[PDB]
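Based on the sequences and whatever the hints tell you, model everything.
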Amino acid sequence: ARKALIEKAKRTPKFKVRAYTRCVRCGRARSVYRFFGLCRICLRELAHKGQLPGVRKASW
Amino acid sequence: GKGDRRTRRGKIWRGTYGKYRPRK
Amino acid sequence: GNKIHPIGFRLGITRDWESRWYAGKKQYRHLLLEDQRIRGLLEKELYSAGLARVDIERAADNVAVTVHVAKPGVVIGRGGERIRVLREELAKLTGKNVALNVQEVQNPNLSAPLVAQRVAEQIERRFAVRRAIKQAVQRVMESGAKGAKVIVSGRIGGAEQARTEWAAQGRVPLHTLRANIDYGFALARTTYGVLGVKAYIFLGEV
Amino acid sequence: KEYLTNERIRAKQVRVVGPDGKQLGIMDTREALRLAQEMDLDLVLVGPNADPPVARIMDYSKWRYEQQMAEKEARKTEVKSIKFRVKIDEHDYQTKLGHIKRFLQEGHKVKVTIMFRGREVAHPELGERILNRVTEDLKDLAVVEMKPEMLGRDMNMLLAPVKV
Amino acid sequence: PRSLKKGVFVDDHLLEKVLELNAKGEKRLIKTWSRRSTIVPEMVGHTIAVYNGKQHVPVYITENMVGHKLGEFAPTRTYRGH
Amino acid sequence: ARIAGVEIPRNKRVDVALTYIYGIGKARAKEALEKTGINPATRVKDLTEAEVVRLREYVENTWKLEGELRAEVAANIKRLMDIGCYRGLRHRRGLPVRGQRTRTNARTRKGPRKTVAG
Amino acid sequence: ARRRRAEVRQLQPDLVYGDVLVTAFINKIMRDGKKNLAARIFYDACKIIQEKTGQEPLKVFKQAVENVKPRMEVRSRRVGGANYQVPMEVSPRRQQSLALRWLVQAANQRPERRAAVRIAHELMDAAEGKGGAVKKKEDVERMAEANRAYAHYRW
RNA sequence: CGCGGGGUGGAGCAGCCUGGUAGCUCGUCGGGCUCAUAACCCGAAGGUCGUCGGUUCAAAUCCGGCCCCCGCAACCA
RNA sequence: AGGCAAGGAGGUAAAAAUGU
RNA sequence: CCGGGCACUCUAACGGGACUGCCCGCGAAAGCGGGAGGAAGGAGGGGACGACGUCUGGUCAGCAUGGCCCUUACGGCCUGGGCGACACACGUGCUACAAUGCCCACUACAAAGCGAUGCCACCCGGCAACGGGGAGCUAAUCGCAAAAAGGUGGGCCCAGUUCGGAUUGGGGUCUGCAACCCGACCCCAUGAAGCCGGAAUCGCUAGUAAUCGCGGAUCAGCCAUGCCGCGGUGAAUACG
Ligand SMILES: [Zn+2]
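Chains as they are written, first to last, in the UniProt record's numbering: chain G, 2 to 61; chain V, 2 to 25; chain X, 2 to 207; chain L, 2 to 77, 82 to 169; chain F, 2 to 83; chain W, 2 to 119; chain R, 2 to 156.
Keep in mind that the hints were calculated from the coordinates and are not lab data. Where a beta carbon is used, it is the ideal one built from N, C-alpha and C, also for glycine. Be aware that one or more of the hints could be misleading.
Pairs of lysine-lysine residues, derived as DSS-like cross-links and limited to a Cα-Cα distance of at most 25 angstroms, are as follows [to be verified]:
id, chain 1, residue 1, chain 2, residue 2
1, V, 20, W, 36
2, R, 48, R, 70
3, R, 29, R, 53
4, X, 45, G, 50
5, X, 93, X, 4
6, F, 6, V, 20
7, V, 3, R, 136
8, X, 27, G, 58
Simulated coverage check for chain F against chain W, where a stretch passes if three residues somewhere in it have a Cβ under 8 angstroms from a Cβ of chain W [claimed, not checked]:
id, segment
9, 49-56
10, 61-71
What the simulated footprint calls covered on chain X by chain G, stretch by stretch (three residues with Cβ under 8 angstroms from a Cβ of chain G suffice, anywhere in the stretch; the number is not a length) [unchecked claim]:
id, segment
11, 2-13
12, 21-27
Structure follows, in structure tokens:
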């Protein structure tokens, strides 16, 4: 999450097979969710906060 | 069986379709 | 090592979300980001006003920003000036109709994040950490809490070995869903390191 | 260790080696069996997976017993250490010597050590004086393979029995 | 296993390098980083220094090795012996 | 009968018997039978010499099989080996080639197990 | 396992007769949870039995089971470093289960061709007083009787 | 010089002896166990029997040479 | 016949070195 | 299918229902054993939830920061390579060694997901991956999609084989600028070891082991046989 590898938020690819999503809270690389654009830690944190609307603790 | 990508069951396992297992 | 977040456990029931807006697969992502930005910005600004619930709705893309605070005066300005500036900033950031419906938290010692923030502030001034914690707890108890807890971990007042000073009052029933506990947390941004200020206030059941 | 005895053979046509070592050829299984029965000693298949199934016509059980006995005898032969010190008590020395002699008689080696500390002055000399004397005492029983060699903190000898 | 639909892929560096040195007759080591490309009939006879991540390594080039990408002949990893 | 280069099998369903050709597997054999006009439910012991011979002819004239096929594969390897190609190099080594991680289970290219002290 | 005597499952009995033993046997035969295959197998076996020894295979099966049923066998308890084949009783249901298991084993030890067939043959052998399962049972009994010495080391 | 006896997987030892049949322990490798090492258990690898050679249907085996090792008899040492 | 207790048996309680 | 209907399934909100409440037994009491009605009985099942603290457990490479250190360099950009290297060793899997199986051929039954440049009906070209045309949906309403084991029939006949599919040759399909390193897949050929595995050792107490398929998330494409998740068939045994 180097503030230099927010060359992803730099919209330009060169080839649209380089656009690699990223988290958009820490800017992690490795556990984004298309549905949130968040890393699997950041997302979790926000879920616990209650700041991703409708995201409950799961149970069935 | 299972593993063999030139049977029916193998095909099923591998996920795909072709000569041995058609769409129809 | 255990112990999950109390709010993020009681979030289909006792306490509703700190954001409320539907959006599809196409737009939850952008909107979420926007909301996060808003929250960040407000935090940066209203640290003086003492901020708690930073509620938001997209009610047909009319952003509703609700900041439950400690000082309406400070948010507002000296009659109604700084409230406007903040709103404008939000608009600039987040280009949609944006409100800023300020509510004070009457009983500022029922809002647990506020309490936590206060404690953090005190710590930053380098006080007797344990003493401060105890005082905070007592204050909470006085307010009308049916139980309180403050966990403060870290380099206590500038210590070389990690500790976790720890104090409580009455009932802090951290397992029952029916409990309804305001959990607050404040990051004590201090001079020798970083101190964790976790605060739990048990206000009341059902 | 263990071969197919007379009728334990379906290995068709067999290499009829007696307990004597003599070849009667490639008899039937059955013929060989008959012969064994007549001769009293079992056609034991010491190489069923060979140029004719190696039909060694000895009593199997008897053979096994013999082998067992031999093995037992082999055990009973071993290394016996006698560790002196630099300073010697004479009675003790004598006793040690006697023990060594006994061991040699039995058939058992006597590795004759000393125990040295540091103090390596007349330590090696003392060791030499001891071990060599001991050897002189019991030449009839053992002669020395290993002389009184320095072990730094020991002086080792090996008295090995004269005849085997 | 060979993997190009329609459009046998060669890079317009040493596509439009080596085709001009068709006019210059032969040429004298063509150094490339584009190992991606195949060995088209135009390359035949020349000498190509493909990139080994570190080396510009030479290949004298024949009519057999047409149906192959360049990085085949520049073996990048080294040794297996211990 | 010797339906390729001395390719005799015995006593099995025709297709299966054919499969014993170095040149042929379960699909080719099935195709071949369909082409030539021999019933799959028949045997090597139960086949008639006219119908034996048709198959023998067709198969031989249609594909490259057996010793020839072996030569071809060797030839291919040579083509790959002589030229300084990755695959050729791998072949020379005794290594796997096509996309295997070699670190552990390259064995059917490495043969049995040649353990070393650590 | 610690507290209670752990209840033994009551099944739906056979849908073709009304026999729990039969059901149990089928289950035992059944590997992988392929019952409506092993049920079929069982009925094929029964049919084979009928074809040969012309009694209602259910009774035959029962007889076979009875024949294989062991009454004393060997557990293993270490005592003084030595491990002992401790010859004790086998409890009724447990014994029955063991017998069933043995039968199944025998069926799959047999060199004959098909699923039903082997089982049928095994059952017939058991009824007779011979075969593989019965032999195993006998061996087990002997092991008890060869090691009746250690009996007193009861559990 | 004599005579005697010996020679076996890396080390110590059986087999020869009874012509067919190479074990045993210590070590070397790998694994298991254990928190970890030792020990422990399991495997695996590893000997053509000094050699020339003969035998003989076939030898570690029977025979000799030569090489040695061993003790003693032995002069210059 | 069961209730225990006191005694007397006899069986079983195997082994298994260590440490920045 | 349509009308027509909310009956039933459903779906989803809300309520009820199980409380040791009823009877007998013991027990001072709790409670326990047995009924009984009840869909369920004694915490019905499964979750979510993990105390004070330990392990100075793990992470400064998710982020947050204290201190230190680097600064035309330990920073920035890119191209290529490397992460995938392989005489070895272990870990976790998958697939197997067959005939309760294997191959084909028809035929039947799920849940839960997921779908917009996304899923793709259906039609044609192709052996086929797929390609072309092309409707539908914006999702219970169209689609992925056939679930498979199963059941009916055929075949195979106990072999290293129609077991098994590694590897290796060839030709292709797709995504993407680009599949050489290093993709998946199709087809044809190749047809390896392996005949249920030493000492050891792991998992599991009921809809569970075991086996069978289906979805997902990341994601162009995938090295997924992983992970998460759902249903199908479905046991054993527990003396102690
Ligand atoms: Zn993040």
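Here is what the structure says about each hint:
For the hint pairing residue 20(V) with residue 36(W), the CA-to-CA distance comes to about 18 angstroms; that is within 25 angstroms, so the pair holds. Using a Cα cut-off of 25 angstroms, the hinted pair residue 48(R) and residue 70(R) holds, with the two alpha carbons roughly 24 angstroms apart. Between the alpha carbons of residue 29(R) and residue 53(R) the distance comes to roughly 24 angstroms, so the proposed pair stays at or under 25 angstroms and holds. For the suggested pair residue 45(X) and residue 50(G), the alpha carbons sit about 18 angstroms apart, so the restraint of at most 25 angstroms is met.
Distance hint between residue 93(X) and residue 4(X) is unfulfilled; the C-alpha atoms sit about 40 angstroms from each other, more than 25 angstroms. Between residue 6(F) and residue 20(V) the CA atoms are separated by roughly 20 angstroms; this keeps the pair inside 25 angstroms, and the hint holds. With a C-alpha separation of about 38 angstroms, the suggested pairing of residue 3(V) with residue 136(R) is violated against the 25 angstroms cut-off. For a cut-off of 25 angstroms, the pair hint linking residue 27(X) to residue 58(G) stands: about 23 angstroms separates their Cα positions.
Counting residues of the segment 49-56 of chain F whose CB falls under 8 angstroms from any CB of chain W gives 0; the rule of at least 3 is not met. With 4 residues having a Cβ less than 8 angstroms from any Cβ of chain W, the segment 61-71 of chain F passes the three-residue criterion, so the hint holds. Coverage of a stretch by a chain is defined here by at least three residues with a beta carbon nearer than 8 angstroms to that chain's beta carbons; for the segment 2-13 of chain X and chain G the count is 7, and the condition holds. For a cut-off of 8 angstroms, the count of residues in the segment 21-27 of chain X with a CB near a CB of chain G stands at 4, and the three-residue condition holds.
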